[PDB]
Every structure is written in structure tokens, then in C-alpha cells.
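A.B. asks: So you can see what is in the structure, the chains are spelled out below.
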Amino acid sequence: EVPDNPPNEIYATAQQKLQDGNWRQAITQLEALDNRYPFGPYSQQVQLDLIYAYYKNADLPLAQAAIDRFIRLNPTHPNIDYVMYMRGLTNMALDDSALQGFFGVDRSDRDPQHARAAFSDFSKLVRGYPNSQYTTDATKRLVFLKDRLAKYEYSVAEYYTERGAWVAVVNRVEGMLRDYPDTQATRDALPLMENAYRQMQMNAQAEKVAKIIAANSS
Amino acid sequence: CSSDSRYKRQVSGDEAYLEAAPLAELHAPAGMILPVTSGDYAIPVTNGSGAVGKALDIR
Amino acid sequence: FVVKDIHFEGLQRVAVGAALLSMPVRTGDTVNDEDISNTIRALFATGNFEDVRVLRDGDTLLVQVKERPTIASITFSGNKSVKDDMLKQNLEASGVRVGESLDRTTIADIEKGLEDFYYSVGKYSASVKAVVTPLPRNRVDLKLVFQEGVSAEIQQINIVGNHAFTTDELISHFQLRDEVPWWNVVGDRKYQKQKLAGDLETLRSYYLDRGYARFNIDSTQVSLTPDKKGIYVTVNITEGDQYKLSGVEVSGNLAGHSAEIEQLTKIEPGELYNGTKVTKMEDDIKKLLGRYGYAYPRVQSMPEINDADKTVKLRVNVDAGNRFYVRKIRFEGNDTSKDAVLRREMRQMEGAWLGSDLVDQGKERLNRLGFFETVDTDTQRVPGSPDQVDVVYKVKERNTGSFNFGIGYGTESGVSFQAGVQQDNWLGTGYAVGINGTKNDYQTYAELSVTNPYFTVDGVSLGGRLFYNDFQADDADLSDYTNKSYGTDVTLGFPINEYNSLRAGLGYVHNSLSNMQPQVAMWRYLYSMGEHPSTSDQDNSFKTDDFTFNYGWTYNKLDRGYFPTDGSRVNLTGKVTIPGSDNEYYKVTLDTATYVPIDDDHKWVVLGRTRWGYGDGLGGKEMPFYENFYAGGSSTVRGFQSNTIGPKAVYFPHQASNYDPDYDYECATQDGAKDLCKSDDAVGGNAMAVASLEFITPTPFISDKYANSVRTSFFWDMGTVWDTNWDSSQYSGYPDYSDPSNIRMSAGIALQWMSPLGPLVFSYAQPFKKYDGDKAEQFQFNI
Amino acid sequence: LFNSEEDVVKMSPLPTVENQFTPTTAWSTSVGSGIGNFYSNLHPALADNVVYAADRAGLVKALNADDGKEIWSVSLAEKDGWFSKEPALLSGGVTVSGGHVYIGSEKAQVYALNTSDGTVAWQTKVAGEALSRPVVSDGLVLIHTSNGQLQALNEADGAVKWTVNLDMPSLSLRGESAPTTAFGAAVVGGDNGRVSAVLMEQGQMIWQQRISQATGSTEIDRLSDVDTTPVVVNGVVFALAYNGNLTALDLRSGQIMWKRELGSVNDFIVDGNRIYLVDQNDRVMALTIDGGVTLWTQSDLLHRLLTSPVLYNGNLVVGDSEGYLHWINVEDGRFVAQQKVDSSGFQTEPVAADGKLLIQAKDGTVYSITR
Amino acid sequence: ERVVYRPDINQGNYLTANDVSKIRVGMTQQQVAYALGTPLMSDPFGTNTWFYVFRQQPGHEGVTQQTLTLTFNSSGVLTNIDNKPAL
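These protein sequence lines are chains D, C, A, B and E, in that order. Under PDB author numbering, the first residue of the first sequence is numbered 26, with each subsequent residue one higher. Under PDB author numbering, the first residue of the second sequence is numbered 25, with each subsequent residue one higher. Under PDB author numbering, the first residue of the third sequence is numbered 24, with each subsequent residue one higher. Under PDB author numbering, the first residue of the fourth sequence is numbered 22, with each subsequent residue one higher. Under PDB author numbering, the first residue of the fifth sequence is numbered 24, with each subsequent residue one higher.
Check before you lean on any hint, since a few could be wrong.
Among the chain A residues that face chain D by a calculated CB cut under 10 Å, a handful are [stated by the list, open to error]: (1) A38; (2) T93; (3) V155; (4) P159; (5) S281; (6) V349; (7) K351; (8) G356; (9) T359; (10) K361; (11) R366; (12) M372; (13) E373; (14) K417; (15) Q446; (16) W449.
Derived DSS-like pairs (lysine-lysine); straight-line CA-CA distance at most 27 Å [what the hints assert, rightly or not]: (17) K361/B x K252/A; (18) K78/C x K165/D; (19) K135/A x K27/A; (20) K361/B x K216/A; (21) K252/A x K149/D; (22) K78/C x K149/D; (23) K386/A x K351/A.
Hints in this document: simulated from the structure, not taken from any laboratory. Quick reminder that beta carbons are idealized off the backbone N, C-alpha and C, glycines included.
Sequences are here, hints too, so could you generate the full structure?
C.D. replies: See the structure below:
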């Protein structure tokens, strides 16, 4: 429902229907340029406001679709850092972005199958682009998303402490254990695998994991 | 266009992913050195550039 | 020559230097008129230059080009039921799409290919006609005109090499249709060569079971009948001979469980060869050894066909594998709820061997979840190690969101408003809260119940319901049978098996009948309690505190949590009392829902919802009538209005209510009908027996994308409520409501749409045998 | 809904309905179906005053070919079997060779049916029934069968002489690739667009020659009815491809004298040097033998459901499945007469034999026509 | 408690007594791994000690255990086999 214009005009309709606020109009002329004019040298910049304005009506993964439209079609560009940062940001808000947790219960049990992939994106941003504007903020994400999977796994470690596969207690701890040496969740599940040891009468191996706890009291 | 005079350049739900500190790392006993570093955790730290989260520029 | 400049005219979609980079006549090259002619053909060999006109002025080139991108429109005109993009994939199979280049030399060949697309599907009877227009600054078009005449229609199959079995009886076993009778219209008669291949394998199984180990199919040949429709078929088969499954020679890595296998492979020796049951029995060990740990129970049967006595000998060759596979599990995407309840319904646990069956029982209460749009799996073996797998359960979650309201009778009476919201354990808690409160001009309400169904390990699901009610009947404030009840009651669930979910609890049913209306079987329960009130006024008063005691049995054996098709589930609730109650009674109702599929893809499946009943006392008492059973306008009953099937509120001569205006409240009142009148209200009985048989039916127009909860359903609600204690002594002109054969009959249809605003069921029903005191509502908008 | 859903292609029905030799039937003996909707090889015969025509399910009928009145009957509806009484369902046309009438069922059962009473003088089931009329000649029963197998039988018991695969198409590409016998070689085309020649008295390929396109990567039409059995004049053999693509070629080598690889030309008789044809769109045309050079054409019966042309009463005689009969000039080239003697209509042959004109309609089978 | 039926504590990951005959002190990890493959528990901080531990509650008649640990040296060679029972 949009006709053809001069190729420098549809930017403004992309720019200014972005300035409308009713979010069903912004993409409408954002997309209206690169269909009639994909041959402009600025069509990858149209993708940058596209991945931007895709978020607005809870219509997220076209951003990730337009994230990869930057990647494969266009070999040489420094703005992949934005594309890599918006990659995990698209990948994150599929997990926990609803307002149903408004009453005091958060959402780490809600499975981060794509915020699994958000960790993949933010790890490649901090290794692909060092001084880009998003490296620091993604590093903040890489701290919790590690732990966001951990308490998820610790819930299973609690669930395995609940149901009673005490071997599967320690592995849910061991899956949390061997990857990262930083979480406090690593400290507190460390007696539970050893409580699993204590219920499996591996009290010495419990104590050996309590020996791990012992110097970690800091 | 429609919100609680809100919801234009911000995040829905909650924004727990910024306000926390880095995870309080542990000081292992001598000899009990597990490969707890054995994850994919090639996360290199460099001071460039830009802001964080909602305050970070999004052009 | 060596060129100074090259002119690149008319490109507009591709890069200009891309024309230069593809040019072998580039700047700085020794450029001759041969390579000028080579640039004509090679930029024609790019396929993108509608003309390539390479010329030069002595040495400086001009390559004047019309381009033939952009293919702007590919207009698919004529494909009525055929979707457009499946032709575009054949267009994409030609390397052609929107944005590509449009070489008009290659028109009819892909038109032949799109006719070959029309050829392959079941037609040929359509020309295709690519129409090309030029457009602004470069662009080109593809209007494709389809002459969609007719398709290939099944005429006949002939099975040659068949010797004992009719072709036509195999048609009844087949999927290819050369027969749909006018009084047996159950399908449609069109080609596909996969229905060919399936009916080969239908026949292959149909000779695998009877004995024919020597069966094979030589070939088959569709008559390419000269009519562009005609499908006469010869099927060249070799029937062979009914050979005998005369022994099982199971062997291999049998892992010390061959008796368990031989339990499966109990054959008759000398029985005719049934490899279909072998085809089943070959799977059953892969369940059994797949239960035993063997993730890869590599099993090879061999019917050692012993033609010397026309028998076969069933060699089996087994590679078991490793056992202790279950090391860890992965999930995928519960972004409204918890993993651990999905883990607590995934009883396949780690540090174990492969229960392949145990993996799938983890998916059964994922199937009994209700919050599943699919229970779907990726099972990744962790490589390098046959004790290690990581199943990554990739699913599609189910959606939420609903609110609705009703209207009347308000805006002429007092303000009627009802409150209450719903978001489903609330949007992923596992510990749920039930809240109600409302008010019209007659009442003030306060209703609460709390539930933690998922703290526990067993499956215990307690609901304790507490209630204050201000039942007032504010006519003046009286005059039309008040019935007030406030206090607390409980219902439950459990395991005894994981199907079982024991529903029980306590009660405080504190029923304070005051100012009661004079219908007679109101006093059916009040004769047991010993009240001696005024029989013609509505100032009378009766108070009980029914300390009730719930017990039941929910054998929750029903397939899906949203759309089940097989099994036998109960969801039962009733009550008896002990010495200590005001009423030493029992209230029993019973439901029965057994599901068995006739359609094995379950699009045609029965749906059960009946309600039984037998209520009395343990000596000297009886079931109360506010806990009576009210049928019509409900889930199990249609065709009759709200509280209509049952024993009847047969009014007495109401003469006083202590408030009766100028001619109102016809309760057989003083102001009209001054009599012992059987009026239109069902008092309910102590012995209910009512039912509804419903059916799963799909639709050949509704999209499968959401049809998991779109269904058409049909019913015939048959039955009555009767009262084993409805005496004929007072009821002289009033019917025998102790008969089981008071059998009301009403039949009709459900027309269900998946509405995302809650269940909106508009049911049509016809009361053919509409009994006494029943109302009618054919367009029931009830639930 | 479905009484209006289909985009069918219109025929040119019949310009210039003519009667210059005023055409009419000599009798009306509707023996019965016959054809109906059932497309079959079964075509009638007008011979010896014995109407060797048949129905596809029921009674064998010999009629006197002077009145249409019945000489005799049996019924080779096979009296029991898998179900009962087993409708005849003939894979071949009527072949009357000697005292045996060799007609092959779609039970692959050809029978030495007596010209006297219809007695099976001997019986034989074959390896799959026929797409051609069984060519019974020279001591042999040459049958182009549905499995591509040229299963030559004995004409004395059905002892299978030789059985080799023919020019086999992708499916049962429906085409009468009957091996006509000439100069010791059985020339059989093929329903896969190619052509061949085979030593008739031993079943050995003289040559096999690809002519034209077929289904499979160069697919051809589904509605056209191509006479893949050549009308064989002397060793310059004139034959079609399976997509009607005519070719003049040697018998003994197949070397192309000329060809008409330009269309799915339907049916033909070789009138010396006047090659009369039906186009795939049922457009009539004359051609020559020295190159397919047109004497005349006709598009009056374009897309009409025509049979093969025959020459009788000095005119091109043909029927159609609308029950019309047509008389076109030997020369140019339009209607000389026209008769709609049926309405069920002819798919089988108009038999311009016996000095007369026999037909077989879908039920209205046996009429003899005069002008 | 005074309860008849109880949903259980469950596990696997063990050895048969033949697998205990399959092992002997001095075998490599690989020698265990040729027959018994990888354990579902190894020793990460110290030595190469393997574990095949099993748990069960049989519905409130107590709760049981088989702790089959396999103490190795640094060389991957078996040094102690402790097949510790319940409780």
C-alpha cells in the first residue's frame, strides 16, 4: 500500500514515520525504500533502523532476520558490532520481557532457548569488535546470562534435590561447576551436590567438596 | 503511540540485566583446582565504548 | 586499441563497476573489436543486460545496455486452488524471482517446466503464459496466465500377477480412490503417485500378513489415457505364495533378555507368514531394549524363507549397544512458566540407563499438561560416548489471554456487576489463586481459595474453598425463597498411580433457609430435618450447618490436557456424612468418560460427558435439595433451559410472601394462580442420570495451524433426573419422578471456533422427547 | 460448486454439415457397451457377413452384416473367478485370424475364439495384457503388451514364441505400438517416442530408432491419441513417433527419408502419396509421401473427439465420440457428407471394409452406413 | 509416615556384579572404558577417580544407595575400587 518515490525520499518517510509513535507505520516506510531501491549504498543503514524499529509492537525476530541481512549480503562493514549486539538483544527479549512478573516473581525458570543464543552473540561481539559502543554492555549481559542459565540449572539441581537422583544433583551442579568460576550460585549448590554426597554416603566426597567450599569463603 | 505515557525507547517487562555487579569469584583450595574455567568463557574485557542498556545509543 | 572510457548505460539495479568487472574490455586492457563482440555475448551471458551494445569511437568504448532486471512482478493468474508461490519455487528452480533478471529468450521452457509442474501434481490441462511489461527506470514483470482446465482423474487399477485377491477389495483397503458412492460419499478421487506408493506398501503389507513372503511388485503403469484425465492402471505384481511363519531364529547381541523378547515373539509355528506382526515385533524389542538401556538396539530380522516346505524361518539379528545413556537433558522455551514442573512431569532422570520408553513417559504428563502446542523433541546424543546423550526438547508452547462478561438484568434493577479475572496459575506459577467477588442489589459477596498444586513430590492438589455469602432476596427484603450458605469447603487431587488424582475434602455447608417459597419438593429435604413451618407464607425459617465430607476418585487417564482422544478419565465430586452432622446423608453423583479412537489419526474420536446420581441417607436422612441436580442449559445437557431437567418445583398455593405488590411474583402466588401448581422450575432429584455423546470431527477448510482447538461436534443428550424419594402421596396430579424412564431426549450440534477470548459455545439442540416441566432453548447460548 | 469450476478447451464443432452423398445408416443394431466411459483397444470387425464386434463385459455377438441381425452368441464373460462372472474387459481389438478370433482380455487372457460359435479353440494367459490389438500373423500371435513385452505366442496353443521389451515408456503411455509385419521384419514403434524394427520370425531387433520427445525431461501431451502402429508401404516405412511425430524411414535400417517431427499427429492411412492425418487438436490434413507436403487440411472438427480416418465411397470417412460421421474429399478437402448416426459416439474404428462402413459407438455400436 | 503409596527417589548409573568382575585395581580408565565406557561421574579436582552411583527410595520403606566409586591414580591406572552399599 506504498507507491514508488525518488530513492532519496523514502529515507524521510522511513525517518519520519519512525517519528510517528503508532508503531504500525514506522517499518511501513522503512521497508518501502529497499524494495524499490535495494541498490542504494545506504540500504544497510536502512537495516540499522529496521532492527531498531522491529522491537516496538512485540514483533521481534524480523530484527534477527534483518540482523543476518546485514551479515551475508554485505561482507565488509564495521557495523556488525551493532548487528552482533542486537543479535543477543533480540535473542534475550524472547526469554524474559513480559510484564506478568509484576507481582514479585521473576522469570529465570522461563527457558532461555534463545537467550542461550544471546550468550553466543555477546561473546562474538566482545571478540569481533573491541572498541565498539556495545562491548561493555554485552559484557554485563555475559555475567548474568551465565548465571541465568545457572539458577535455571540450579532449579534442576534443586529439582534433583527434590526428586532424588542425587547423581543428577551433582551433575546439575557439575554442569554449573566446570564452566565458570564466579557465581555465588556456584557456592551454594556446592553443599547440595555434597548433600547429595551425604545422602549417597559420600560424606568424605561431601567433605572434599566442602573442602572446596572451605577456601571459597570469600 | 499508546502507553502509560511510556514505552517508546525502553524494554518491556523487567530490566534485571544491567543493575547487578559481576559475579563474586571464588578462591579455590590448594590442589583442588577443578577445570571450572573449562567453559567457553573467552569473554575479553576492553574499555571501548559507549553506554549501557536503556541509556545506550540505538540509532 | 586500449580504451580511455567505457560507457555503462542503463543498469539501475546492479552495480556499474560490476559491469566493468565482468567486462574483459576493461580500462587499461588492450581492447579489440573481437572482445567487443565477446562483451556482447558475455554480458548476455550475465543474463542481466536486455541488450549489450558494445561499440567504440576509435578506442573509447560505449557499451549501451538496456537491463533486464528488476523482475518486479511475477503475477500468478489462473491458479484457483493452487497457491502461487509453489509455482514460484519452480520459478525459483529456474533461478528466477523478484529482483532477478528476466531473459525473455527463456520463456516457454520454464513454461514447459511449470506445465511440468502442472504435469507432476495431477494436471496437465493448463497452458501458462508469461506476460512481461517494462517498468520505471529498469524494471520488468511476469504476469503468468494459467488456463486451469482439469486434473488427472482415477479411472481404474488392475493388479496383474494377483491370483487370489480381488482388486476391488484391495481398493477398500487402499487410499487411491476409484470409488466414492453417492450414498457413501466419504472421499475424493484424484491422483498422486505417493498414494500409488503407499497403496503398494498397503498391498505389500497386505501380502506380508497373509503368507506371501514370495510377494513382490513387478512394476505398475498408469494408462496415459488420451483425455488429459484418464488414469487406468495396471499393477504388475508377483503375488508369490502364502508362506508360513514357522519359526523364529532370534539371535545377535541378545543381552540376556531373550525371554522378554520371546514374550514378544510368541508365534505360531506353521502359521502363514505374517511379517506385518514381525514388523511390529521388530519394533517392540527396540522399545524393550530401548527400555533396557540400548539407545541403538540394532535389530535385523530375517525371514529365512524355507521354500522346501513353503515356510519362512524368522532369523533376528540383534546388536544391543550400550545402556547407561541418560546423562543430561536440555529444554527449549517455556517463556511463561517453570521448567521444574516440566521436569517433574519428565520423570526420565539422569544417572540412569536409557529408558527410551521412560523418555516418552516424561512426555505423557507433558501431554497431560494442557499448556503444550506440541510436546516435541530433539534428542541429541552427546558424541564420543555411548553413555552420554543430551535431549533438547524443542517444543511449541501454548498461548494465554482471556476475558468475557454477560449482560442483564441491570440498568432497570439495581447495579449488577461481576468481577473476576483469569491468567492460568497465574501465567506460570504452579501455585494458583482463585478469587471472586461481586454484587447486585440483592447481595454482597466475598469468595477466596488458594492452591499450591506444585510444592509437592506426589501430585497432591488441594483446593480449600472459603466463602461468605450475603444471600438476601431483596424484594422488599424477602418474599421469594432465600437460601444462604457461608463457610468453607475443600476439594483435592493426588496420586495413587500417576493417573490417579484423589479428589476429597471437608465442608461447612451452612444452609439457612428463611422465607421459603412454597414448592413442594423444597420440603422433600425439609421433611427429613423436622421443620414445622407455615405452609403458605414466606416468613418460614430452616437452618442447617451441613458439615459435609468430600471423597472421590480421579483416575486422570485422558490423553491430552487440551484435546484428548483415548483412555478413561474421571473427575468426581460427592459427599457423605458421619454421626456429628446435621444431616446424616449421602450425596453421590457419577460421571463416565471412556475415549477410544476409531480414526487412528484421531480426527474422528468420541467425547464423553455424562452425569449420574443416587443420593439418600445412612438411615433416616436424605440428600438436600440445594445440592440437588439441575440439568438443561449445561455441559452434559442441551435442548432445555437452565435448571429444567429434573423433578419439579411443584408449587403449593402461595398466598402470602409477606411482600406481594400489585400482581407480581408468580410462584403460584395469591396474585394469580392461587393453587397447588406444578410450575416451570426443576427442583432436582436424588437420582440423576443424564448424558452427552460428542465427537471429534475435523474440517477440510479450517487451517491446521490452529485447528488443534477448532472442532465441530454433534450430540444427542438423552436422559432425565429422577427422585427415588419423590412420593406420589402429595404428588397426585404430578408425575412419577422415580422412574428411570423419564428419559428426556434432545439432539444437536456444537460449532466451535478457536476464539482467543475464552470458550464461546453456541449450541443448537432439538428436544425431540421434551418431557414435562422442561423448557426449550434450541439456540442455546449456554456452556 | 463444481458444476462451474473447470476451464475446459472448446472444440470447433462442425462447420458445413454436408450431404452431397446423402449419408444414412443401413441398420441400427446397438449391441451395447461396448465403450461407454471405458477407453479400450476393442474395435469392431466387418467381415464374412459375421459382425465380429463385442461388448466389454457381456455377450459375444456374431451378427449378420446385412441386417445387423445376430448370427450367434456366446459370452466369454468368465463365468466365475474372484467374485462372479468376470466382465470381459478387453485389452485388444477384435483380431479374427483363421477360425480363431484372438481378442485379449485385461486378465491378460487372449482366447482362440471360434468364428463358428465363439468356442475358445485354445486358451492362454500372457505376461500382462496388451496396449495394442494382438497382431496374429505368420504362425505367431505378436502382442504389444502392457509390460512393454512383445510376447509372440503360438497361434495354435498360445505357446509363447519370444518375449522382449519394446520401446518402453515411463508408464503405460497409451499407444497402439502394434508390430506390423512387412518383408520378414515386424516394425514396431514404441510408446516412448522412439521407433524400431524387429525380425518378425524370431523376435530380433532389426534396429531401434529414437525419433522424438516423450514424458521424462521433455514431456509430451496427455490428451492426444497417436497411431503408433504404422501403415507400412514398401521398405520406406512411414511411421509416427509417440508424440505423433511422423517419420519416413527405412524398414531394414530406419534411415529417415523425411519426417514430420512437428506435432502429435493422431491417426493416418497411407493413400499411396496422400498422407491423410488428424492433428492433435483434431485438425485434419492431407500430406504426401515424398515429404509431408499438404494436399489439403481441415479444421472443421478441431478438438472434436474423432476416430481414425478411412476411405470409403471416394471420401475420407471418420467418426467421433459425439456420434457424428464425416465425409471429406480425397482431394480438397472439406465436407462431402456428414451424418450424426450416433450420440454416444465412436472411439473405435470406422470399418470401411467389406464394401461397407461398420462402427462401434459407446453403446450404439453396430450400424452399417451408406451414402 | 503412615502412607501406603509414595512416588519414589530414582536413579541408575551403576554396574553389574559382572562389571565389578570386569574391573580390577591396576586397570586403566580406558580398560574400564572399553567395557563400561565413560562414567556419569569422574573426579575433576584431584585424580582420575570414576563413579557409578545408584540411588532409590522404594516408597517410604527407607531409601537406598549403591556408591560404586573407582579410585584412580594420575596415570589413569586403577588404584582402589570402592563399591559402597546403602547407608
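A.B. asks: Run every hint past the structure and note whether it holds.
C.D. replies: These are the hints, each one checked on the structure:
The closest approach between the C-beta of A38/A and any C-beta of chain D is roughly 8 Å, which is under the 10 Å cut-off, so the hint is satisfied. This hint holds: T93/A has a C-beta 9 Å from the nearest C-beta of chain D, less than the 10 Å allowed. Taking 10 Å as the C-beta contact cut-off toward chain D, the hint placing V155/A at the interface is violated, the least distance being around 19 Å. With a least beta-carbon distance of about 6 Å to chain D, the hint placing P159/A at the interface is held under the 10 Å criterion.
Hint status for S281/A: violated, given a least beta-carbon distance of 30 Å to chain D, over 10 Å. The interface hint given for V349/A holds, since its Cβ lies 9 Å from the closest Cβ of chain D, which is under the 10 Å cut-off. A distance limit of 10 Å between C-beta atoms decides the matter here; for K351/A the minimum to chain D is near 6 Å, and the interface restraint holds. The interface hint given for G356/A holds, since its Cβ lies 4 Å from the closest Cβ of chain D, which is under the 10 Å cut-off.
The closest approach between the C-beta of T359/A and any C-beta of chain D is roughly 7 Å, which is under the 10 Å cut-off, so the hint is satisfied. Nearest Cβ of chain D to the Cβ of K361/A: about 4 Å, under the 10 Å cut. The hint holds. The interface hint given for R366/A holds, since its Cβ lies 5 Å from the closest Cβ of chain D, which is under the 10 Å cut-off. For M372/A, the suggested interface contact is upheld, since its CB lies about 4 Å from the closest CB of chain D, less than 10 Å.
The interface hint given for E373/A is met, as the beta carbon of that residue sits about 4 Å from the closest beta carbon of chain D, less than 10 Å. Checking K417/A against chain D: minimum C-beta separation of about 8 Å stays under 10 Å; hint holds. Checking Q446/A against chain D by beta carbon gives a least distance of about 7 Å; that is within 10 Å, so the hint holds. Here the hint on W449/A is kept, as its CB sits about 7 Å from the closest CB of chain D, short of 10 Å.
A hinted pair counts as satisfied when its Cα atoms are at most 27 Å apart, and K361/B with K252/A qualifies at roughly 26 Å. Taking the CA atoms of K78/C and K165/D, the gap is near 13 Å; set against the 27 Å cutoff, the hint holds. As the CA atoms of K135/A and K27/A are separated by approximately 46 Å, the hinted pair breaks the 27 Å bound. Our distance criterion of 27 Å between C-alpha atoms is broken by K361/B and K216/A, whose separation comes to about 40 Å.
Taking the CA atoms of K252/A and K149/D, the gap is near 59 Å; set against the 27 Å cutoff, the hint is violated. The hinted pair formed by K78/C and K149/D meets the criterion: a straight-line CA distance of about 21 Å does not exceed 27 Å. This hinted pair checks out: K386/A and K351/A have alpha carbons roughly 16 Å apart, not beyond 27 Å.
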